[PDB]
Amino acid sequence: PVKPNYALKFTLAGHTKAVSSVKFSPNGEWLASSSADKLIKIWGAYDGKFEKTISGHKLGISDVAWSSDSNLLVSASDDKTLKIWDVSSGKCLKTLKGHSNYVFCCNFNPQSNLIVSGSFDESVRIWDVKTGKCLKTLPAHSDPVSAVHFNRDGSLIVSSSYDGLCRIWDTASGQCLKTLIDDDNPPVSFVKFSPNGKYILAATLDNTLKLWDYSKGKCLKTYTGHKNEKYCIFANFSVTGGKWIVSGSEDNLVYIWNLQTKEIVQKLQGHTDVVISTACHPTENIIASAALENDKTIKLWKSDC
């Protein structure tokens, strides 16, 4: 297809403060959301039906992530901890203590025996899921860490920071393998590996998304047209149908680009505040979007391609 046709299917209301992150479970059945209201909520991925609320953090939550078997969640909070949750029982299995300030981002590795986290304290930490202990503390950046993500086989971690850098780390050794810098270094607000593992996608607070060949250290694609000068907005690869780049925006729209041509192919209208988070369903052409304090809702969109 040349262009997708995402249309609003469901609006999910429940959070009483800004939503911070939405993520689809790997098995495609659920959507998890985190919020400044200190809560995690679980929703049906296909019907938007509210399932349950998971509570325990003492301050707002910035991020949530699923284990590969869709049974566990990890959350990152302003209370300087991460928590590991058994979704079915709602129980907090482990509280990960070590960061000295706000935890902003988190992710399981594919094996899901490890968690990576990034914090306002400018460090990246690697945790053992089963013991809950910190295995490594990486002196990753000189400003708050905005995102952390494992590659397809968990051998690498990419981190981004307001210091303008993206860095690639060897999971096993903790060594910094790459530092990525273009002709300028505006604050990097988000980063993640592509599904095929060949690229990273980085958002900078100069209204720009960039596709990098991280190995060769070269910028391949640039995506613009949206607004992003303040917030750490999640961006995504959509690969279930047409090959798109998906991101939120500070003009309250969801932006969708053709990955190859860099052309904007759709702008999704509906939210009434900054779209801070987007997520792409693992098998269906479905997008979840979430907005900040003046909106508080999550929206589910579906396309035929």
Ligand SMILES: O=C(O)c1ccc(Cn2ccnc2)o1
Second form
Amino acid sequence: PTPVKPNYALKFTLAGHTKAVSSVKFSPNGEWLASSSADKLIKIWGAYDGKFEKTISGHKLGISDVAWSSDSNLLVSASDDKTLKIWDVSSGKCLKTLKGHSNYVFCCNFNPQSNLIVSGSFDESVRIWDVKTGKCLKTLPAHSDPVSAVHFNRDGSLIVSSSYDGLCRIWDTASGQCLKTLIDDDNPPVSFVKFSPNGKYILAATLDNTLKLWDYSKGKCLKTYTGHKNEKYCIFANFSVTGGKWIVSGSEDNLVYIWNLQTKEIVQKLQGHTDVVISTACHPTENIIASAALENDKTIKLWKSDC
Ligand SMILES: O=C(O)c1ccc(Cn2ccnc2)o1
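Moving from the form solved without the named molecule to the form solved in complex with the named molecule:
What follows is the whole complex; the chain from before opens it.
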């Protein structure tokens, strides 16, 4: 059962990026953390001991997001250079450069099969790409302002997208056509979305200090999580599932917030960063959180809980 609270404590601080960190993600096999930054670099770190492993270079401008393939062997990154790059993590080599967006690429993810990448851009489109060939399969005219997040569900058949236009939409992967507009407001911006692990729910952030858990099928809000600060940045949120069932997010008051998913109560706030916590990630098997901060800080912190 979910305990009353976790007890995340700081274990490591990872320095090396020279501008704001933009995203952190654990590999599915649990071995690694990948980070991206405005400094144009991807860094790989040991997930359990924080040990710096390597830098992956090649983008010409800053990177906003990085994501792992299901087998932990590839990464995709989204850059202000208007491209995505697919990387072989072991060799550090760029396998493909995905060209087609006409402005910054902000968000990216692989499908579970890891044969497709989805991307979202400041150009207001969502693109779907073939991993093996690097070909753009589809361009969806998804939004009327920059796309803040894109994510596939557990069987790969759906993509959820969000935007500063205020919308959250769900797309059929195979045809590219819209299944549903889940959130149909013109304000506030929807700054982050993702499916829950079982695919039944969508976690959505809006730039009014609010996270919400939605039932995809019914199109209804089930839970709202508040108390943090989020009016400007596209801050990631996570489902923590290895121990207690939490929602995790960074915040513009430099804290990591952790809520009980069911009761909506704040159960812990992690203090230590000295700038906005833009990204958090939850380890796939251990009760470990990674957090990363903007340019007054530029570090990643690894935190561990007993539950
Ligand atoms: O300007 C922002 O909002 C900003 C910079 C970096 C991030 C975090 N992020 C990246 C992709 N999805 C979320 O957000």
